[PDB]
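Let's start with one chain on its own, the form deposited without this ligand, as structure tokens.
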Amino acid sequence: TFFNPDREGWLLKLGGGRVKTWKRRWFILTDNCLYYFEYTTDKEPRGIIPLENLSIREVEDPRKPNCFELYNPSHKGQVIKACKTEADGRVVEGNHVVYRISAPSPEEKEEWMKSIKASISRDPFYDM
């Protein structure tokens, strides 16, 4: 799956739960999904966030620079389809309405946003 990726790189991801903490993950954009790994050479992704139907927007954050958000525009407060692993082996659906992401630089933010937008638009099943 991870052959011929559209982009890879480090991003920070804000965790979707009650306290919410930032975690540094290695992301791979491929097959119109964002896969993320704890460490770059990990065999198994920690999660997958399919991009189909999603949109992207810039946001400003109090603590993290170079941020954007993925969200589902079709319905407000709609949960984003996604899946992750837990250390005990559970494979669970995500519970995010938004994914806030911080890129390592303004340049990388622009590159990631452009790559994500292009991937969403190339999907032949986009907006259906």
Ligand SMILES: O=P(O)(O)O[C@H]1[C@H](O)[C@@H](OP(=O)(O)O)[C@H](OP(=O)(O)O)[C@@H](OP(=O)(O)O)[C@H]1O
The other form holds:
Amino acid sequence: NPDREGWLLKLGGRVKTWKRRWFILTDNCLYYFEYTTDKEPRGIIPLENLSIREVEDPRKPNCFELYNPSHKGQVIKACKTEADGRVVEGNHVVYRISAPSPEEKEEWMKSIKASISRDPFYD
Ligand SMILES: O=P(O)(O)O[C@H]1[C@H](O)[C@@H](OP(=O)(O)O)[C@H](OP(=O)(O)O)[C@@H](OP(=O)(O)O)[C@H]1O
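Please show me the structure of the same protein in the form solved in complex with this ligand, now that we have looked at it in the form deposited without this ligand.
Now the complete complex, all chains and molecules, led by this one.
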């Protein structure tokens, strides 16, 4: 079931704060928890119909983003839980994330392209 896991830094949506989060990529779904032993996902991002792209950030290096080619400037459909556990839809136009190192950043990038590609509903 698992495919790839490791820590990453992601920028919030409405509020632009980076949070260190544990990520798990599986079945073309990208999971992130606050801790590796967390029992439930803090957020879930369905990667279908999305694309990654290298970016340059003025605060964190080794970045890349997830955005929707088809609907530029439109909020990406995701599921997230608030601090208290309340379930809400995500509010990201793009998901910017900085890896700890280039090998990881690129390993994720490829690995995320691998899962999107291993999708029988690709266009
Ligand atoms: O705690 P503050 O400083 O308010 O910032 C939060 C965190 O960055 C959240 O990340 P995480 O959920 O990983 O803890 C993020 O939710 P997501 O990035 O998951 O959507 C929120 O986006 P908004 O709820 O859109 O503001 C953002 O407001």
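Shifts are known only where both forms have a C-alpha. We call the rigid core whatever largest set of C-alpha positions still superposes within 1.5 Å between the two forms. Residue numbers count along the first chain shown, from 1.
Here residue 87 counts as shifted, since its C-alpha moves by at least 2 Å between the two forms after the core is aligned. Relative to the superposed core, residue 9 undergoes a C-alpha shift smaller than 2 Å between the two forms. Core fit done between the two forms; CA of residue 19 shifted by 3.8 Å. Structural comparison between the two forms after rigid-core fitting shows the C-alpha of residue 68 displaced 0.2 Å.
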